[PDB]
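Here we start with a single chain on its own, the form deposited in one PDB entry, put down as structure tokens.
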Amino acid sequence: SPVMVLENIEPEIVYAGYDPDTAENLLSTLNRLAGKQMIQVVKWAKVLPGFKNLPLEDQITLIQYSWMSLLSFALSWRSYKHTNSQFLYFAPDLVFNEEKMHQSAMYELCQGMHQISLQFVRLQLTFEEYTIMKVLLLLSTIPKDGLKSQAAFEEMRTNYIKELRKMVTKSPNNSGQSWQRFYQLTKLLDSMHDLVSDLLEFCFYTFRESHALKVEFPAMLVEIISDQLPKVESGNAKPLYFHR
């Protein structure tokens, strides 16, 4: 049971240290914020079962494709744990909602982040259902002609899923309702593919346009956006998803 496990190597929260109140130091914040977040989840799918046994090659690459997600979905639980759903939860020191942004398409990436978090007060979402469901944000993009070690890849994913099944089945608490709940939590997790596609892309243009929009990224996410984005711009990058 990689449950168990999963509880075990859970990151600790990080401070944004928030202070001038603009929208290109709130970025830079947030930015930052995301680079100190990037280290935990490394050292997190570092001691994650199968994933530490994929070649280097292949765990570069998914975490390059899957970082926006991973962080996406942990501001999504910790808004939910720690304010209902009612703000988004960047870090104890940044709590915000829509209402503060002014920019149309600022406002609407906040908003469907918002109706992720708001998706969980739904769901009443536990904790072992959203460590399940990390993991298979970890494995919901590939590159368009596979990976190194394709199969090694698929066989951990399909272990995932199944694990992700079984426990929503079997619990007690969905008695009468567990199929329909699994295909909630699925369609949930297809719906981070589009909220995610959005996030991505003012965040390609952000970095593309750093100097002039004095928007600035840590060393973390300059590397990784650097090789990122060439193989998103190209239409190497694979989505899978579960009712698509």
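Rigid core (definition): largest C-alpha set, two forms, superposition within 1.5 Å. Residue numbers count along the first chain shown, from 1. First, how it differs from the form deposited in another entry.
- The residue that stands out in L139, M101, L94, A74 is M101, the single one whose Cα moves by 2 angstroms or more between the two forms on a rigid core fit.
- Annotation for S149: C-alpha shift under 2 angstroms between the two forms, rigid core superposed.
- The Cα shift for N84 between the two forms, taken after rigid core superposition, is smaller than 2 angstroms.
- Fitting the two forms on the rigid core leaves the C-alpha of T158 displaced by under 2 angstroms between the two forms.
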The other form holds:
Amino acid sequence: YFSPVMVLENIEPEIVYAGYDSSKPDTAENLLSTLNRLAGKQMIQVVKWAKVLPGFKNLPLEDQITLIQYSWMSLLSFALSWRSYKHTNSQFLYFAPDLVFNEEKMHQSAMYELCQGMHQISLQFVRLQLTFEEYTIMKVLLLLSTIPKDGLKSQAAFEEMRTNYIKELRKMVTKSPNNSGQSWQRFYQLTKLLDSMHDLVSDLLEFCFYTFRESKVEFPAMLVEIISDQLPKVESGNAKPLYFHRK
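Please give the corresponding structure for the form deposited in another entry, as opposed to the form deposited in one PDB entry shown earlier.
The next block holds one chain only.
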């Protein structure tokens, strides 16, 4: 089918600024509009990254679009967890170099409990001492974690890609079991962490869909397009989360 992990390390998008205006009042509307502005800019980076992701080009365009639309919140939240871990040892939420949340901003954003949920994932990165190689493979698995209930246009091509990235994660933990002791132990800690993202992302999307439909919260064109397509699919039960270990 295929060093694909060395490709993943080299194609990871560069950090982007939020464009946070600290002279404007820190109302929830201003903070959430800033997060949406940042999410839109990051989504352009995600599409460019996915285009050069080994294997992704094999999937038909309709399936590439479906996967990006269903996984956007997972990809962005997992990368937020990574930056928080790398840059602050998971003490703060590192949205961008110019936007680092403390308790004050978590309250001001009107997303305090969701920010605490996010902080709990970054704390798991510290507990596991997650490596960049592990992070990059796991982020590809998140792009491949949510599909239509009735499947994709090219379901077998998708399954081949996801199976091969799972094999890469198993090989990575076989070469490096890290602080978990044995290779199998590491593997199940990583798959348990990947599965835990579905519940956090479901909660993040519920609030995002609420502000999108009831809105001074501004959304960039990139998010208006993704959310307008995704929202009816998620709410009608068409988005099937793939779990390694069923609840």
